[PDB]
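In the block that follows, a single chain appears as structure tokens, in the form solved without this ligand.
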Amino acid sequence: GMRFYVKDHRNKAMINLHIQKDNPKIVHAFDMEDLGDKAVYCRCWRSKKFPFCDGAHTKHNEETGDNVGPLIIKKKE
């Protein structure tokens, strides 16, 4: 009665296709004390305002069926 199957989503594609490829490892570092009310940081490597999110993730998610979204650092209520 039991039936088994699997969907394989593994790939070896680069995550970052185009951003600052002359940098061998892209790291950003910010001080909390110099942030505004909210900073929305990109985790999809498609934003035209990288390291900030510009909503590019939605196009990627729609295309590939992915579910990636940004990291938000904000001021508490």
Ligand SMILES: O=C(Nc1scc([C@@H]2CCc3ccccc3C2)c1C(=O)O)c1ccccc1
The other form holds:
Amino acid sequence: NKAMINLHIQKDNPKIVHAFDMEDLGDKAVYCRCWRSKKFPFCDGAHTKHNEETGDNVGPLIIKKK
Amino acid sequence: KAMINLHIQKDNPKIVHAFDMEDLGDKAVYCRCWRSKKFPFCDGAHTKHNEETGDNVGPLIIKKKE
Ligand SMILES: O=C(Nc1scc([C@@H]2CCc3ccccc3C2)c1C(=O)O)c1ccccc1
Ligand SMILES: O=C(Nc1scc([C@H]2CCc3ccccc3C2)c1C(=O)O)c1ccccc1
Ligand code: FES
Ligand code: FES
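Having seen the form solved without this ligand, can you show the form solved in complex with this ligand?
Next comes the full complex, this chain leading.
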């Protein structure tokens, strides 16, 4: 608990928060929780490379319809 | 040691959560910092993380439209 989690994303914003209306989502949204996506706040699979390199076990959050 | 998640479910090699819109309330707030004691939900722990590390991470909000 010394290192930043986010290294590069919107560093002029002092607290990055995203808010979406569930009515605006498609059938599925896949959100990044690793701060390595080139499509942040969406997951683009960059968590696998992170986990591979660091031995971590992070992954995305999926919001979907039943 | 450049891991993002330090302590959460470390017997799981890739932590992914998936929720159905239909089961959510008016507002669900999800943790993107891996420091919440209520993970995958946000409990405010990101502020302490940001202050300690100089980071700027925060949660993902899924809500019903106005
Ligand atoms: O890691 C990625 N996606 C992941 S990881 C886990 C899911 C879960 C798996 C099971 C599952 C079961 C029921 C309903 C949804 C899901 C989704 C998904 C997904 O639906 O995309 C990824 C990789 C490269 C580019 C973009 C995204
Ligand atoms: O609604 C919640 N949090 C919200 S709503 C808006 C913010 C941000 C937005 C950006 C921002 C930018 C600079 C300074 C403050 C803020 C506030 C936050 C936050 O957590 O920091 C919530 C948290 C835990 C449980 C339940 C609800
Ligand atoms: S790219 Fe960050 S969780 Fe998938
Ligand atoms: S406790 Fe992790 S984003 Fe709020």
